[PDB]
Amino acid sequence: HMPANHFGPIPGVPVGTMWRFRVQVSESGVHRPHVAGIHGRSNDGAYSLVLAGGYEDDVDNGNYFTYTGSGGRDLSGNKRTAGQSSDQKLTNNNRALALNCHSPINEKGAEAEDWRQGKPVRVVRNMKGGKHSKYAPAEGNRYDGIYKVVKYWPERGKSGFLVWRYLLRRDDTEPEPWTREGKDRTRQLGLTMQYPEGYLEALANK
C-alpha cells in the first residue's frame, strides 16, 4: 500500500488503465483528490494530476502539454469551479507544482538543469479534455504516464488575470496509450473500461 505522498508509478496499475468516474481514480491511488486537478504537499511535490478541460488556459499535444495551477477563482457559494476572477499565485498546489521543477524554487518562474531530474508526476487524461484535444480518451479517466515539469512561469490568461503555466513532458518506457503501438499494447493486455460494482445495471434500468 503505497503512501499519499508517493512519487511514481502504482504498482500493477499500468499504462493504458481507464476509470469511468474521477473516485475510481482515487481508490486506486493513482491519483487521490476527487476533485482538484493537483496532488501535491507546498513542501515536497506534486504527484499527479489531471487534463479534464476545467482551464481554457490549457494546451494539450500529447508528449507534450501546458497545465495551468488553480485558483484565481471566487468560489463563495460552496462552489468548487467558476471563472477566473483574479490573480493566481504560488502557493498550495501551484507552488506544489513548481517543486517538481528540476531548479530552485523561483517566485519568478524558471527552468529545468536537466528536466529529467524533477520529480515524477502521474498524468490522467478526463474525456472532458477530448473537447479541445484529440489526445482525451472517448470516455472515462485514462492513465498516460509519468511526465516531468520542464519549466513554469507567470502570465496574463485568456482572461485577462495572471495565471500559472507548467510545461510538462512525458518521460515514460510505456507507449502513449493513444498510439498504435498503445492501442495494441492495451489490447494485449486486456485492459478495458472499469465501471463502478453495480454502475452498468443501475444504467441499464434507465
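Numbering follows the first chain given and starts at 1. We call the rigid core the largest set of C-alpha positions that still match within 1.5 Å between the two forms. First, how it differs from the form deposited in another entry.
- The only C-alpha among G157, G29, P33, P137 that moves by 2 Å or more between the two forms, given a superposition on the rigid core, is that of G157.
- Fitting the two forms on the rigid core leaves the C-alpha of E56 displaced by at least 2 angstroms between the two forms.
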The other form holds:
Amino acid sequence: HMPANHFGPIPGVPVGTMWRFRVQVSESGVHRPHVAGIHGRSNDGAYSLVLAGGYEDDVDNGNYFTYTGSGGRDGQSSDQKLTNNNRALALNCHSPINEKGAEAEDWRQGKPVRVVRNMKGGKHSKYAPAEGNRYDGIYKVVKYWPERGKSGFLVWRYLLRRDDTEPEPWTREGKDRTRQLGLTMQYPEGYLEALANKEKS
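The form deposited in another entry is what I need now, so please give it after the form deposited in one PDB entry.
Only one chain is given; partner chains and other molecules are left out.
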C-alpha cells in the first residue's frame, strides 16, 4: 500500500480529484486524519493538510496561502508552542528550524505537502470547491513566523507556495486535465440512498 510517513504525491490520485467526505480523503491516503487539518510527526514533518476556515487572517490566494498552527489551550489560553504539528509543518520548510521563525533561502527544496481544500472554506476562499474536498497538488513551506493575536498570545503562521507540475484544477488547463481524465465527485457506497431515505421520512 502506501507508507504513512510517505512525503509527496499519492500514486493513482491526480490533482483535481474530489471526494465528498473526509473519511474518503483518508481512505485514499491523501490525508489520513479523519478530522484534523494536518498530518505529520514532530520529528519528521508534515505530509498533508486540508483547508477549512478557522483564523480570519488566513488568506487563500490559490497558488499560495497562509496557515495557522494549533494548540493554545487543552478559546485561547496559552500562546502556541513549536511542538507537534506546529513543529512538523516547520520541518517541511528548508531551513534550520528556529524558535523565532524562519524563511527558506530556497523554499523549493523543502519537503512537499499535499494540500486538500474543503468546501467549508468557501466563505473565505474563492478557490474552495462548492462541496466536498478537492486535491490541489503539492505546496512547500516558504516561511513561518509567530504573531500575537487580539488575544495577546503568539500563534504560528506559515506561508505555502504551490509547486506541483499538474495545473491548478481551478484554471483553464486544470479544468481540462480534469475532463480528459474524467474526474467526478465521489460518494461513499450506500450514501446516496441513505441520503435519499432521509428526505422521504
